[PDB]
Amino acid sequence: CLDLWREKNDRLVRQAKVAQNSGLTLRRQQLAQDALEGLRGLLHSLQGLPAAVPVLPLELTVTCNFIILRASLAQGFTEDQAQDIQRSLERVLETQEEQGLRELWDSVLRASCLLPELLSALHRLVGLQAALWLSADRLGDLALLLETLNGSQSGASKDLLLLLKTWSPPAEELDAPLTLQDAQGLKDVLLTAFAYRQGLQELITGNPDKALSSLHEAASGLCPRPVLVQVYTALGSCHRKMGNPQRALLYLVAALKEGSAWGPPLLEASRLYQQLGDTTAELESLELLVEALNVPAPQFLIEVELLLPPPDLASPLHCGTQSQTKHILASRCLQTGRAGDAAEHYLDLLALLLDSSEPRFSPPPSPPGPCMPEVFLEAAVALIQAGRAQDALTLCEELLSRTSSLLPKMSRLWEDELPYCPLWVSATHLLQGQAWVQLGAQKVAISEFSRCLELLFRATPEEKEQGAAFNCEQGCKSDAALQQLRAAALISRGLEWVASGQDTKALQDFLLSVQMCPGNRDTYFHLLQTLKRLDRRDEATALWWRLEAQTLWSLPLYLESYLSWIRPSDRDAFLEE
Amino acid sequence: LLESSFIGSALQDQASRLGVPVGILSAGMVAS
Amino acid sequence: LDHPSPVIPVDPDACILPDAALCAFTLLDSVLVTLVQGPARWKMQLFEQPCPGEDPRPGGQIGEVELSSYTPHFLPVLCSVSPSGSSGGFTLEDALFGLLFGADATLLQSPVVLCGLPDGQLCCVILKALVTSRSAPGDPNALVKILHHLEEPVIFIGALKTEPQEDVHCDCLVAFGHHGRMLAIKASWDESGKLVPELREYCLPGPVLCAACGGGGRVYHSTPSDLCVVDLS
Ligand SMILES: [Zn+2]
Numbered sequence: 012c013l014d015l016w017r018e019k020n021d022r023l024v025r026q027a028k029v030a031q032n033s034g035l036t037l038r039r040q041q042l043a044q045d046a047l048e049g050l051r052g053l054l055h056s057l058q059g060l061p062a063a064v065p066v067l068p069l070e071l072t073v074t075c076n077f078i079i080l081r082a083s084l085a086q087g088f089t090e091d092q093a094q095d096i097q098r099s100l101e102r103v104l105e106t107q108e115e116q117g118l119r120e121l122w123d124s125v126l127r128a129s130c131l132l133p134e135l136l137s138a139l140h141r142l143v144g145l146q147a148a149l150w151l152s153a154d155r156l157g158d159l160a161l162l163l164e165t166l167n168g169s170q171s172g173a174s175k176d177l178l179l180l181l182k183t184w185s186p187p188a189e190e191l192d193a194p195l196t197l198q199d200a201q202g203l204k205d206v207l208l209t210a211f212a213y214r215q216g217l218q219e220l221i222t223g224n225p226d227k228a229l230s231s232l233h234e235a236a237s238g239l240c241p242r243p244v245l246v247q248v249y250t251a252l253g254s255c256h257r258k259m260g261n262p263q264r265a266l267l268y269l270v271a272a273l274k275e276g277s278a279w280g281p282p283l284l285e286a287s288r289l290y291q292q293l294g295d296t297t298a299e300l301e302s303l304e305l306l307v308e309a310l311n312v313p318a319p320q321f322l323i324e325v326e327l328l329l330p331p332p333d334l335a336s337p338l339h340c341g342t343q344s345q346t347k348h349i350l351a352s353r354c355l356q357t358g359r360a361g362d363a364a365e366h367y368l369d370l371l372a373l374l375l376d377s378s379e380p381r382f383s384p385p386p387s388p389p390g391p392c393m394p395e396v397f398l399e400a401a402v403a404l405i406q407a408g409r410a411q412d413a414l415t416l417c418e419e420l421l422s423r424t425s426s427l428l429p430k431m432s433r434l435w436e437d444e445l446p447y448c449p450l451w452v453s454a455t456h457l458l459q460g461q462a463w464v465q466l467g468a469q470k471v472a473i474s475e476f477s478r479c480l481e482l483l484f485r486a487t488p489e490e491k492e493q494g495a496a497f498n499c500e501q502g503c504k505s506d507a508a509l510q511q512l513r514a515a516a517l518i519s520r521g522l523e524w525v526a527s528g529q530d531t532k533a534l535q536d537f538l539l540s541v542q543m544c545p546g547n548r549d550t551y552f553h554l555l556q557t558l559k560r561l562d563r564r565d566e567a568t569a570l571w572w573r574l575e576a577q578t586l587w588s589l590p591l592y593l594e595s596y597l598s599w600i601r602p603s604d605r606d607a608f609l610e611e
Numbered sequence: 061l062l063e091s092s093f094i095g096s097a098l099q100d101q102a103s104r105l106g107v108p109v110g111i112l113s114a115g116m117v118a119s
Numbered sequence: 090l091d092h093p113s114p115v116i117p118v119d120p121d122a123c124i125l126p127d128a129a130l131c132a133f134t135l136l137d138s139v140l141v142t143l144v145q146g147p148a149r150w151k152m153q154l155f156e157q158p159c160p161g162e163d164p165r166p167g168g169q170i171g172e173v174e175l176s177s178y179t180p192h193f194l195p196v197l198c199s200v201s202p203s204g205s215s216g217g218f219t220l221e222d223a224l225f226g227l228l229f230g231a232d233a234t235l236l237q238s239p240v241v242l243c244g245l246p247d248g249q250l251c252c253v254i255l256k257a258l259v260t261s262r263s264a265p266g267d268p269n270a271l272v273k274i275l276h277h278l279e280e281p282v283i284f285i286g287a288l289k290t291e292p293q305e306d307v308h309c310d311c312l313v314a315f316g317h318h319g320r321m322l323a324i325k326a327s328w329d330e331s332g333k334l335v336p337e338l339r340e341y342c343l344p345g346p347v348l349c350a351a352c353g354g355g356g357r358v359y360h361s362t363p364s365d366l367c368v369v370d371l372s
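Chains as they are written, first to last, in the entry's author numbering: chain G, 12 to 108, 115 to 313, 318 to 437, 444 to 578, 586 to 611; chain S, 61 to 63, 91 to 119; chain P, 90 to 93, 113 to 180, 192 to 205, 215 to 293, 305 to 372.
Everything labelled a hint here was simulated from the structure, so no lab data went into it.
Possibly wrong hints are sitting among the right ones.
Restricting the straight-line Cα-Cα distance to at most 30 Å, the calculated cross-link-like pairs of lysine-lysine (DSS-like) are [as the list claims (entries may be wrong)]:
1. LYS289(P) to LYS430(G)
2. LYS227(G) to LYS175(G)
3. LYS289(P) to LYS504(G)
4. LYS325(P) to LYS430(G)
5. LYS325(P) to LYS289(P)
6. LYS559(G) to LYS491(G)
7. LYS491(G) to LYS273(P)
8. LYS491(G) to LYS325(P)
9. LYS504(G) to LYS491(G)
Pulled from the structure, derived: some chain S residues nowhere near chain G, Cβ distances all over 10 Å [to be verified]:
10. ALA97
11. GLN99
12. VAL107
13. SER113
We treat Cβ as the ideally placed atom computed from N, Cα and C, and that holds for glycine.
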């Protein structure tokens with residue numbers, strides 16, 4: 012009957028291997044889950060017995076072949092494979108000689130040191146369970162297990178690399194029942210995977226010195242081209258952080274050549290040329306990347326990809342979609358002063374997002390990145406730096422067309444803090460206005476500045492009494508972002524008052540803005556220019572001494595770029611007079 | 061150079104471009 | 090449906125994404141959404157569904173999340200909810225959509241997917257913000273969100289024409316608990332000169348066992364006793 016069970020195990024391993032080597036995306040996983048059911052049913056048939064010693068190394072071969080084909084298809088381990096390991100281990104214990118896997122392993126390895134000839138299958142089981150613990154971030158007890166396997170006198174070796182290398186596979190896997198993967202093949206995977214993981218952690222935590230060791234070790238041995246790519250990129254990151262640019266570039270070129278997916282490298286290229294200040298090249302690389310991300318197989322085997330973590334935001338391997346980047350290009354294009362280029366880029370962003378009913382979902386910039394309306398604002402602040410002001414008004418029309426419902430009906434205006448107005452509506456009027464100043468029409472400017480100042484002051488944006496929907500965490504609630512929208516609106520309006528020649532009104536809004544935000548300095552410049560025109564001496568000096576008494587946190591972009599836009603060049607020149 | 092196997096391949100790249108035997112470029116760069 | 113005893117066995121020919129641990133799934137236009145079983149975290153996956161008349165394929169998985177708040192007889196449930204202008217689902221009116229989902233979903237005119245789960249948490253995810261990759265892993269905390277906790281499991285979500293005075308610009312949102320804490324929602328725009336949400340937990344009878352929606356605010360439900368109705372008009 013073990014003849015017949017081994018005939019089945021052998022059969023289903025050959026079926027799974029046929030499926031791995033050959034086939035197409037469905038018929039692959041169809042045959043694979045047929046084989047998974049076969050190995051499930053055989054496991055249940057063998058677990059029906061009160062285990063024999065000669066039934067044990069077939070049952071453990073089947074347990075290993077079941078966990079392999081489970082985790083290769085799920086593309087992820089779980090705790091049911093740990094319980095399966097527990098079942099097999101307790102089954103090894105109840106033949107000859115309980116609590117949990119760690120001490121169960123301890124006792125099982127003492128039982129294997131009695132030398133039953135199934136150590137070929139025990140070491141394979143250790144490989145799979147270790148893979149479980151590695152994917153589950155269980156690195157402390159893994160050291161303890163492999164420490165118990167090898168000499169306990171190697172106890173001081175906490176580092177897994179050396180310990181895993183010493184951990185030998187016990188056989189060349191002599192004519193026993195078939196396996197899908199051998200313990201040495203799993204050892205290679207363990208090494209590269211753990212080395213990679215430690216390297217990434219060391220990179221993120223600010224030892225891109227110790228990174229290089231682990232990562233070169235990741236290269237030397239089993240390293241699939243896809244990992245080769247990401248490792249080198251890590252290397253680019255490390256050298257880039259140290260200061261050493263040319264070694265970094267070297268690895269990056271290699272990353273490019275070897276890779277079919279060279280998004281991640283050029284982001285690194287961008288951060289590199291940005292670290293130096295090679296702005297032109299920065300933009301050129303990003304420009305390529307975006308076209309790059311325009312463009313786009319699972320083995321029934323444990324590959325390394327499985328065991329690597331899907332990356333974080335701190336990683337140098339985090340590479341968004343076209344949309345998330347093209348926003349980066351436009352941001353980086355806008356903070357230099359290539360308003361023209363910037364404009365176009367923002368329009369292309371916005372074309373994608375909004376036209377997109379038919380194609381693939383191209384998505385918004387992600388919510389540690391900016392909210393969908395902060396982004397129509399950055400689009401408009403570019404369209405102003407350009408001087409495309411009749412585009413900068415199809416923007417501020419587009420926005421408040423869609424978002425009518427969301428707005429306050431503003432009948433507190435009639436009934437003359445409490446009712447709620449999200450910063451981006453109060454802005455939208457602020458840049459709807461600047462548009463009219465570039466079209467030169469004092470009236471309808473001083474309209475929109477005044478309406479922006481009503482939806483700052485007869486409304487509060489910090490009303491999370493009802494978290495009523497999805498909402499702007501960061502950009503549109505900062506007290507800094509509020510006092511810096513206010514100072515700005517009063518500036519934009521106080522200069523219209525100087526242009527219509529009502530310089531008392533202008534003085535009042537400028538005096539208010541210094542009361543609002545004493546760390547903008549543009550406010551003090553405009554106020555002091557008005558005072559130096561009319562009545563300098565005592566007033567001006569009183570504010571001089573205040574500036575010298577006085578002597586960026588998180589203001590969003592569209593707004594800093596707007597502040598940057600209006601501010602005059604000849605500002606400190608005025609403040610040392 | 062002022063920052091191993093990489094650097095050898097870099098000199099190979101320069102040699103493939105300029106049509107000089109790599110030894111001369113290596114020596115000249117080292118001496119400079 | 091043409092498909093050239114009157115019994116027909118399926119061929120595994122026809123199987124697509126034998127994901128196998130997927131419990132629940134919807135459809136929007138030519139997008140497909142599944143909500144798949146794992147360990148403690150269930151996850152939303154979201155696939156392309158080929159618009160041309162081809163071999164009926166998945167395509168590549170665009171998106172995945174993990175419904176992190178959910179840590180498990193009763194399925195969970197998914198609803199398709201489009202905003203006005205933009215389908216086997218439920219088109220709301222702008223007032224509401226803007227009230228519930230926020231300016232993002234509003235602006236992008238993004239269709240939104242409402243998950244009722246056995247805990248009785250009642251969660252919505254915006255589909256536009258659900259595109260990810262292996263470099264780009266969908267963060268649930270921020271991407272998926274949580275309306276209203278019926279303390280019992282969910283049975284049926286829907287949406288109604290209140291005030292009727305095929306594409307109805309519906310006005311109201313309906314949940315059902317199992318034991319029958321029904322939960323309906325609307326816009327007020329009242330008393331602060333502001334849009335504010337209108338919340339009711341009713342308590343119908345019984346065990347509620349299933350529930351549909353008909354012409355003009357009339358919710359056709361069942362208890363084990365009888366087939367009963369509520370009007371919200
Ligand atoms: Zn925002």
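Do the hints match the structure? See the list:
1. For the hint pairing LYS289(P) with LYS430(G), the CA-to-CA distance comes to about 24 Å; that is within 30 Å, so the pair holds.
2. Taking the CA atoms of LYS227(G) and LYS175(G), the gap is near 16 Å; set against the 30 Å cutoff, the hint holds.
3. Pair hint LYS289(P) plus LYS504(G) does not hold up; C-alpha atoms about 35 Å apart against a cutoff of 30 Å.
4. For a cut-off of 30 Å, the pair hint linking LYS325(P) to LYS430(G) stands: about 18 Å separates their Cα positions.
5. Taken as a hint, the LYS325(P) and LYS289(P) pair is honoured in the structure, with Cα atoms around 11 Å apart against an allowance of 30 Å.
6. A threshold of 30 Å between alpha carbons decides the hint, and for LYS559(G) with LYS491(G) the separation of about 45 Å lies outside it, so the pair is violated.
7. Distance restraint check for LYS491(G) and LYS273(P): the Cα-Cα separation of roughly 15 Å lies within the 30 Å cut-off, and the hinted pair is therefore satisfied.
8. Under the criterion of a C-alpha separation no larger than 30 Å, the hint pairing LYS491(G) with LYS325(P) is consistent with the structure, at around 19 Å.
9. Between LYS504(G) and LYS491(G) the alpha-carbon distance is near 10 Å, which keeps this suggested pair within the 30 Å criterion.
10. Remark: the non-interface label on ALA97(S) conflicts with the geometry, its nearest Cβ contact in chain G lying 7 Å away (cut-off 10 Å).
11. Distance to chain G confirms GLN99(S) as a non-interface residue, since its nearest Cβ pair spans about 13 Å, more than 10 Å.
12. Here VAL107(S) stays apart from chain G, with its beta-carbon at least about 21 Å from theirs, past the 10 Å limit.
13. At roughly 17 Å, the least C-beta separation between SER113(S) and chain G is larger than 10 Å, which holds for a residue marked as non-interface.
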